[PDB]
Every structure is written in structure tokens, then in C-alpha cells.
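**Q** Here the structure of chain B is known, so what remains is to put chain C with the ligands in place on it, guided by the hints.
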Amino acid sequence: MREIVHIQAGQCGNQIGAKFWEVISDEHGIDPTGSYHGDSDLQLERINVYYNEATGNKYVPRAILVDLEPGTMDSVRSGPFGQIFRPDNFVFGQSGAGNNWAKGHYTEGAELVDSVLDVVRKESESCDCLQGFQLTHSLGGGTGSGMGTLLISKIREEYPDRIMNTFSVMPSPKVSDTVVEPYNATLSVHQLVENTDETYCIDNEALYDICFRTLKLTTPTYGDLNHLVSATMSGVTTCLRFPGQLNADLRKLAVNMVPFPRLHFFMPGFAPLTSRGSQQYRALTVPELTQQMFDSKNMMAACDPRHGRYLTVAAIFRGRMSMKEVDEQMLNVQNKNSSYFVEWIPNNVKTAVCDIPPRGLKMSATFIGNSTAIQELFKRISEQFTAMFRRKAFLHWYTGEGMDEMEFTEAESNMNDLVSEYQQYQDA
Amino acid sequence: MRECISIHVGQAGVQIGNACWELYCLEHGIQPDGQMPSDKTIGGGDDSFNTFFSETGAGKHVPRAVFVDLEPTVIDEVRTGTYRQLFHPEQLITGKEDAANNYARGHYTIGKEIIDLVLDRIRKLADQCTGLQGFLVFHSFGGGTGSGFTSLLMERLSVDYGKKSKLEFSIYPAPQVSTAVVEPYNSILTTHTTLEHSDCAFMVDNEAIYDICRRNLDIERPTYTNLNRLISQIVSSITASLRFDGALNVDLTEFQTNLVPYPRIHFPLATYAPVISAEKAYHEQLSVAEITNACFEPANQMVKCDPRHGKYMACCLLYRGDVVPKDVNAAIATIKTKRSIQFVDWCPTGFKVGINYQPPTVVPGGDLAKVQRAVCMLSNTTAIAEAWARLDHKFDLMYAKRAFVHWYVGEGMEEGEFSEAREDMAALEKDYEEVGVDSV
Ligand SMILES: Nc1nc2c(ncn2[C@@H]2O[C@H](COP(=O)(O)OP(=O)(O)OP(=O)(O)O)[C@@H](O)[C@H]2O)c(=O)[nH]1
Ligand SMILES: Nc1nc2c(ncn2[C@@H]2O[C@H](COP(=O)(O)OP(=O)(O)O)[C@@H](O)[C@H]2O)c(=O)[nH]1
Ligand SMILES: [Ca+2]
Ligand SMILES: [Mg+2]
Ligand SMILES: [Mg+2]
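As given, the protein sequences belong to chains B and C, one line each in that order.
The first sequence: position 40 = 40 (the entry's author numbering), numbered continuously.
The second sequence: position 360 = 360 (the entry's author numbering), numbered continuously.
Simulated from the structure, these hints should not be mistaken for laboratory data.
Misleading hints may appear alongside valid ones.
No farther apart than 30 Å at their CA atoms in a straight line, the calculated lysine-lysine pairs in the DSS-like style are these [said to hold, decoys possible]:
# : chain 1 : residue 1 : chain 2 : residue 2
1 : C       : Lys352    : B       : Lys216
2 : C       : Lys336    : B       : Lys174
3 : C       : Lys311    : C       : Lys352
4 : B       : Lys392    : C       : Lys163
5 : C       : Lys338    : C       : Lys326
6 : C       : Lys336    : B       : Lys297
7 : C       : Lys326    : B       : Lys174
If we strip away everything but chain C, and leave its shape as in the complex, we get:
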């Protein structure tokens, strides 16, 4: 059973949703009409891919997914595009007026108009599940809907589903592709509001992804399409354990046990390899040792920060494709006598390893080479707190002058929600410092 429901919120959530679901379809041999020839059990089944797809009597495999945006134009592209037969119209929800880059509008003014309808559509997906495991929420930090609506939705899901797990894929803002001056405000308000409602959150720094695209894929000026294809590869690696099975497969929930030592310390660093162009992959096979090594190169991280300057509390390696434990252990033993890997004194140092045998797929017309083996490392490092320190600094510069604050107050918010959200962030930065101090 073990179903997962995906919720894609706002432009970034939705566009990343497109990329992930296209890729999932290719990974499982599901066609744009939902038909999957290799699936012999029509209208149902308890296979691995059923965690992510339900099945209709007519053989259609349907994403367990809701797409929500406060404006209609990004979702209209899903409605008229390649994969439009994949989704029932009721899974794609749009309003008319967006949150205009304002958290208050996404959370209150505009978002309160559509929240009951969204929870009803989510309820309809949940009711089709025999053993619902939980939710994956995709959104930007910076957008009005991605921040304000997501935080409203997470709060309401805590009410309606209790402690049912909620995981986030959160797009952390970068100056190269950002669209609002107020993204630091929106980021702090959403982070403070959702912190108690979320079990695990994978931050994806748009600048780390932009850099990887420029540097590893030789893309002069990466677009959202470039970034999203790469993000989907990383999301796919994380969810692969839920969607496939095999002997050495290790469930995401079991990695989570190792990854979250205290409820607030729930932001793993993802690093992915190999990211390589077709031109450079040709005649050059990357071995297990090469890809595992690339995991400890900071230029390969999804968040810009330096783990060499903090401490590890956990380390997980999720391999996919042509990989055996013998080679993994050899590669790990090499790295241990050669890299800057220091653990806190209160946690053991062994790496946790899972292997899915199904190799990575790429989307037609994309930039990544088809490789035989790939790895996603998920680590829990105190270095992730640097990403908070940067956003908090940006927040403080503007907030000391109350720059743009009238836009939020005009929508019904008080200054006390700002200082309160900021204090929680200071306490979070402090928490990360304290977990890295040696024991008495």
C-alpha cells in the first residue's frame, strides 16, 4: 500500500511538479495518456509504483497529486500540454488573482478563499488510499503563494491529518532568477510558520542549481526548465526508494530516522552526482568511487554552504543503477581516510546506504547524459545553518528600516509576526550551533 500524496504549490512547485511527474512516467514506462503496457493488473495493484500512481478501470495510471496556484496561467499550461490526459481536471486547482509576492496575501487575503476547496480535493485523494503514509509538499520560499499559501495549507493538514508525515521540497531564493525584493521576508515568515508542521524539509538553493548548470552542463544562462530538470533528478533519487523495490532498497522513512535527531533539526543537505553533459560522458564511465567522491565536493551540493567547516550528525548514500555493496564499501573506506568528515561526538559515524537497481532516466531534449550509475547523498550537517544566516541577514537589513512592511500590514499582518518569525530563526541558528558543541 503505502501511498504518498504530492502537493505542488505556486509557480515553482507546479513547474517542478511537471518535471518530476514527466520523469516518473519515463521511469515506470507510463505514457502521456496514463497507459502502462507492462502493468498486467488492470484498475489496481499493490506494486511499488502504486505509492505514487493510482489506477482507473480503463488502465490509466494517475499521479497521486494536487497542483494548486492562486493564479491560472502556469496550471493552464499543464491543462493544455503534453501530459494533460494524465491528470483528472479536479487535481489542478486555480484561482484568478495571485498573492503578488506577498506572504499575507497567500496565507490570508487570497489563500483563505481557496483553502477549503484544496483540502476537499486532497481529502478525495486520501480516501482512495488504503494506507496513506503522508505528504510531499513542493513550493518556493520566495513567492507569495509558495510561502503564504503553503504555510496555511501545512497548518490545516496538521489539523486534518494529525501527525501523518509531511515532507517539503523548498526552493530557496537566488538573485540570478528571483522575482521579488521581499523574498527574504516571505522566506522567514513561511519557515517560522511551517517549522512545527513539517517532519523533514529538503532545501534546494536556486543558486547552487544555477551554478551546477553553468559549470557542469555548460549552459550559459540557465532557465527554469534547465534548473527543474536537474531538481527532478534529485527529487527522483530521494523518492526512488518509495517507487521501486529491491533487495538492497532502503525506505526513505528509515533514512529519516537517522536524519532527524531533534524535531527542529530536520533540514538535510542533498548532494547529487554525476552531473555531466552527453559530450563529456562519451567514452568516460564514472565508477562508484568517482560518483561517491563527487558527493563530498561542495560545488555539487543543492545548498551553498561548507560542510568542511561544520559537523556531521548523519550521512546517507542513495545509489541508483549499476552499483554493488563491495564497491560502495571500498569507495567509502577511501573517502574516510582522505576527506574532511568530522561527526558530533554524540552520534555514530557509519554511513547508511541504499541501492536501487533501476538506473537513472533522462528526459528527451535535456542536458544531462544518460549514466549507468548515480548517487544522492543526504547529510545532516551544521553547515546548512549558513543558508539561514544569509537569509536572516537580508531580512535584518530591510526590517531595521521597515522597508516594504506596509504591504504586509495593509493586508492585516502585524509587526509582531515579523519579530516573532525572526526570533524563531535566531533560535534555530542557535540550535544548530548547540548541536555541534562537544558533550561534557
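One chain only, chain B, in its complex shape:
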């Protein structure tokens, strides 16, 4: 299986989504025209995973852009790689979702969703062998969160044997738009637990902290946060995009990473951590990459890895380096810290190497972990949800769109089940 269909929803979804296509396009040698101007053949070998060929010979991203507002999509279209997207893959309403999950999922989103599925079907039909879908969205707003999870439900109904994966941005009070973000996040998680196969948890708390503590940026913008996201995203999709042995498609990644169907929320990690523009001149040694990629301070989800156990780990090393030194360092980490890797999944750490480094670095490592420490992320959202929900505060925004309190109670309970299910395996 080859083709992945990419969907980006809402302001956050479309902003990280645009950056993703920007970064991977440069790696595959594709320019704003859709014209290849690269040297290596490794660049084109698996280009069909993400790109359509339309005679030119031009490469068109298999990408559908979705919003309930036109704003951020006009931003994308007049942005750097804006011309590359298929204009018919732009699907927008006018009325917005007002950071309201109920509007995205039930009222405004319901009005727009069929048009999105027409574009999904049109893209799915040109595929030799569709692998499945990736979605970029946030959980804190209304469109990416409410409408994004509506879309996932409808995509699963029409394609139940395909893999569904998400890059899901979790909200934090540190970088926050509205007080209702915990409501929107809890309702979205409930969906994600049932209808995705694999979810990369991108924690805005973590991205903020990395920017503040490590990159010495005193006031991080979304741009700074998204630079970390696009690097992580390029990293986690390396094995899908380039010639390679393991985690080479979406189903094989799921089979190695997900021991129990509900526990499919991954903590990504990246090394070296770099800020935008400002370059680093000294390449990292393989021992340094390996130490940094496993460091809590390189994690994109604000969870302490020492507070849990790793179920499974995938590690991707990028650049020209010694594969023998990689195996040794990877083996050294596990042997040194063996109590943090569950002993009932043997050889639960898999490593891949790709020759092509990302732009502006000679060496990089990407970490994908399924840790039971992710539970800290869900506990945090749960705490914020309950603080409001016990006084039913802000609920009228949701009941006004037809929702009952019961739906909140159920979504909370399911998220608490997920928490305690993680705790079960951290002690087994």
C-alpha cells in the first residue's frame, strides 16, 4: 500500500499543515510550482505516498484543506507553498465555529461535512492502494476539534478497513485562546480513543516550555511553536516517505506500536532542538543525539517519562552516520535504563536510519514513544474540565447547540477510564 490522504482542519490544523507540506516538499525537491528540482533518486522513490502526479510532470499534495471560516485558508493560499495545493481541495464555510466543539461536530460542521467527503472520495478513487488518512487539527478550538472528529467518524464509516491517524495539538493555559479548551479537548479525546489507530499528542504546554526554557525565546509565538511541530512531523513520517525497512507504512507502524487498541496516543521527541532561523554549526555525535532524543526536555508532550514505562518505542536517525554506532547507542540506552521499558514486550525498541537529513542539520533523531506516562497529559485536561464542570460553568455555549450534560459526563468518564487503563499497564 502506498497512498496517504492528508486532511488539515481549522486554524491550527491548517497552520501546522501548511508548514508540514512546506518542509516535506523541500525534502522531496518539490518547489512552489510543483516542479521537481532535486539531485537524488531517494527523493522520488516513494513520492506517491504524499503526492499525486498530474502531467507536467508536476507533483500535487494529496491534501484537503478544511475550515468553517475563510480567514486561515486565504492565509495558506497566499502563503509560501500556497500555489501547490489543488484549488478544489479547499473546502470552507463562512460562519466559523467560535471555539465551540458542539458547533464543529453537530451544527455548523454538519452543514459542511458532506462537501469534504466528496473531496475525500475523489482523492481516494485515484489511489492504487490507499493506506489511510492523516489529520492535523487542534483539540482546543471548534473546527479542528469538533468538525475534525466528525470527519473521522464519517471517514471510518465509509472506509472501515483503512488506517486513521492524527497529529492532535493539546491545549494548555500557558498558550490559550479561551477557557472552554478543556471542554473541547475532553469531548475530542473521547472520539479519538474510539476512532483513530494512532495519535501523535502535540502538547502546546511542552512546545511552550521548550521554546522558553531551552531555546531561550522569552515570548514564543505560534510560528516558534510550529517550527518544532513541523520538525517532529517531518521526523515521524520519514519511514513512510523514504525507502526503508521498518514502520514503512501506516499499518505496520500501528502493529508495532499499539499493543491494546485504546492505548494509541504517542509522545514524540526530537533532537537537536533548534529555533527558527538561527543555525547550529556543530553536528551532534551519535551518543549526543541518542541522549537528547530520550530526554524529557526534548518531548513534545509535557509528561515525565520517568513517571511511567515505555510499552513500545520507534526511533528514526537521519543523516550520514555510523549505523554500528547507532545500534550500540540505542542498545546502551535500553540496557542502562531497562526498568523503564516493560519486560513483557521483548525488544520493544525499533530503530531506523535514513541517509537524507532534514534542511539545515547534518544529523537528527526523532523519537516516537508509547509511554504510560502520557496519562499525565489526560489527568491535566481532566482536572481543568472538572474545575469548570462541577459548577457547570460555560456550559450554555454547548446546550444552546443541542447538547445535554450527559454527553460531557460520558466523555469525562471515558477519559478517566483511559487514564486508569494506562495505570494498569504501568504496574503490570
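**A** Relative to the frame of chain B, chain C with the ligands by itself:
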């Protein structure tokens, strides 16, 4: 798209309308004839200022606004005055006989004669909108038209436009400029009647504004003109997010999400800074930290009450002009380790911030200094309930004797509308107390 229609009701609504619209024209470079040279798209457009102005084929930019008074003399001043070419005659609606400081007359006797005509003129503005967001209603609490007609109009708009948002700018009465003994009655009757029909209401206490004018601007005896110029600055700060765009601009609707935790709890406290004379601004720049600090000084509030003695449920800062997030965050961090800011336990404590880059404008001949940066804080505090407690007390003193009640009964109202309106106010005061109690 996102159009907003303004409705200015009665003397106070209308005169505040004049001030706001004059100021909007200066903010966007629109001339008194409606021409705006900088607007290259003739007869239409989807720019930010189009939320408030429509455009004719001849290049005229026209307020999306209706002015309504039951008497003709305040609206005749708009008709013959500086900005008379701005408005199509059909946007300015007058009767002949006013409500004589009586809510019953504004709501029933006189107002029922003109209500169908007003809703027809509103309908004509709405029909020109491609994506109508909602209404901004300007009125006094104390006047007969401002209270009775506004409450009638709000009820009817709920019928004709469903749940389309309605925001109020409501002039709360003060003894220094008030014109009727019965203003406490009119205030309680309108507040009870419109409470279910309104999404958000900005109360402007005429005494807070009178004090600020006397104290900060050194005006011995402020007139309506003084008060209105300052009110328009505050209204402008609130609507600036709708009328301009920019990277760090944050839409009013998004502040509203944070500001209204329960439908009845919908009365934000506005505080504005800096209010300073030309004489004192000279050579003295107010920094971001200075203006943000001034937001937590109670003498700068639009309603007299003390937030230090209640609890916060939300805090929003709307900056305009030369302001960057770095400085905002530094100023906020200082204030947090130095001020009396206690939140209820059920809401998070982070301040929500928007910045518009376009700096404040002042009107020629006015009293305020042209500054490089300004701020409007909108907070949701339990302290706003003090303003209700004061009006309710005044209402109770007169109502226990039925003083002036015959004027309302003579117009067809029953005593049961009074006790009912009063009970709703008692329940509102109670609601404000309950939201400030800690959780179990
Ligand atoms: N801030 C401000 N307040 C005003 C102005 N005009 C009147 N008021 C206040 O509004 C109240 C009186 O109501 P008006 O708005 O004059 O009355 P109306 O709505 O015209 O009602 P009637 O004349 O009774 O039909 C008093 O509290 C006044 O001080 C004004 O231009 N500015
Ligand atoms: N990391 C990141 N988070 C964002 C970005 N834009 C918005 N957010 C976050 O996304 C959430 C709001 O959702 P947003 O995508 O704006 O709303 P939507 O358009 O209705 O889906 C909040 O948690 C914001 O902190 C972005 O560009 N990057
Ligand atoms: Ca125009
Ligand atoms: Mg947003
Ligand atoms: Mg009058």
C-alpha cells in the same frame, strides 16, 4: 463579511451614536460626505471597516445604523448637522410625542405606534448583509424611550432574528445629570424585560464618567458632550476588533466566550486608560505597564463598584496602538504579584489579550490627549452587582409607598409587573453572590 447593525435609541443612545460614528469616521479616514479616498474598491468590499459601513456605487460609506427617538428634536440635530450626508434619511426615525420619562409609554402607548416602522428599517439594513453577525443597542436605563422602547425592540428582535446576538451599551443613571425621579423604576423594568433577550451588556455609569471627566480631565462641570466623547473612546476600543484586522487582533466574540459563564451573568466591567489632558500628556509617555496598571485602579472604571471586594470570573485586555506582547506579559506579571486579584475557584486565572495596531484617534476640540497606546480592560466581577444593589434600594424606597406608580398604571401597567421585575433583580443579585461561593 460579518456585519454589525447599530441601533441608537432615545436621546442618550442617539447622542452617544453621534460621538461614536464621528470617531469611527476619523479612525477610518471617512469624510463627512461618506467619501473615503483610501478605499480603492468602489461600491462594495469585504474589508474590516465593512462590518460597520456599507458602500454605495457613488463611493459613499454609510453607517450600518438606525437612530430612533419618540420625539424629533435630537434626531433633527443629526439631520441638519455636520455628518448629515453620512446617513440616508430612512435610517433616522422620529415620532412627535416622547415617552415623558415613563417606561409604559415607551414600551406600550407611544412605542407601539412606531415599532413596525423601525423593524422595517432594520430589516432593510439586514437584507443588505451577506453574513449578519448581530446588533449593538445603545440606550439609557432612565429615559422613557431608552427603557420602554428598547425593551419592546429587543423582544421583537428576538422574534424576528432568533438567537442572532444582541449587545447593549446601557447608560446607568447618576444624580448629577439625571432628568427624572422615576429613573430607578425605568431601570428595573427595562433590565428585567431585556435580560433574556441580551447576550452581553456594557453598563456605563454616568457618575463614573462624570468623575473621570472632573478628576482626570479637569472639567469643572462636565456636559453630555464631555461624557459622550469619553464613552465613544470606550465603545471604540470594544468594537475595534470588529472594524480593524491584524495578526494579534482577537475578535470580540472570542472575548465573549470567556466573559459569560452563565446566560444571566453577562455584564462586564469596562475600565479604560489612559484618560489624560493634552497639558499633562506633553513630554509624559504612558508605557504599556503604566496603562495596564491604571486598569486596576477603581477610579478608572465605567461603573462605580469595588472589584477588590469581589471575585473575578474573567479578565480581558484590549490594547490599541504601539504595544507588543513582550511588554504586555511583563506588565501582567508585575500586577499579579502586587494587586488584589482573586478569581472564583471554578475558572482559570490567565488574562486574555488582544492587540490592535491602529492607535487611538481623538476628535478635534475635545479634551483627551492623543496618546500612542491605550487599553480597555473587560472583566467579569461579582462587584458589578453593587450597581444593581444601589438601584434596587432606590426602587424599594419609592415602591414601598407606591410613589409615582399611578403614572405607569394610568398607561396600562399593573403593580404585578413591578414586583415581578423587582424579584428578577433580587434573583440576579443572588446569582452574583452564588457564583462567588467556593465549590464543595
Ligand atoms: N451619557 C449620557 N447620558 C445621557 C445623555 N442624554 C441623556 N442621558 C441620560 O439618560 C437618562 C435620560 O434619558 P434620555 O435618554 O434623555 O431619555 P429618552 O430615552 O429620550 O426618553 P424620553 O425622552 O422619556 O422619551 C438620564 O440618566 C440622562 O442623564 C447623553 O447624551 N449622554
Ligand atoms: N501549536 C499551535 N497551536 C495552535 C495554533 N493555532 C491555534 N492553536 C491552539 O489551537 C487551539 C484553538 O484551536 P484553533 O485551531 O484556533 O480553532 P479552530 O479553527 O476552531 O479549530 C488552542 O489550543 C490554541 O492554543 C498553532 O498555529 N500552533
Ligand atoms: Ca470598498
Ligand atoms: Mg483560533
Ligand atoms: Mg427624549
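**Q** None of the hints should be skipped; say for each whether it holds.
**A** Each hint, compared with the structure:
A C-alpha spacing of about 24 Å is found between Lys352 of chain C and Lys216 of chain B, which places the hinted pair at or below 30 Å, so the restraint holds. Of the pairs offered as hints, the one joining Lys336 of chain C and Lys174 of chain B holds, with about 15 Å between alpha carbons and a cut-off of 30 Å not exceeded. With a C-alpha separation of about 17 Å, the suggested pairing of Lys311 of chain C with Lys352 of chain C holds against the 30 Å cut-off. Taken as a hint, the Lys392 of chain B and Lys163 of chain C pair is honoured in the structure, with Cα atoms around 21 Å apart against an allowance of 30 Å.
Note on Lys338 of chain C and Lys326 of chain C: the hinted pairing holds, with a Cα-Cα distance of about 19 Å set against a maximum of 30 Å. With a C-alpha separation of about 28 Å, the suggested pair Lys336 of chain C and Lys297 of chain B falls inside the 30 Å cut-off, and the hint holds. For the given pair, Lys326 of chain C sits about 14 Å from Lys174 of chain B by alpha-carbon distance, which is consistent with the 30 Å threshold.
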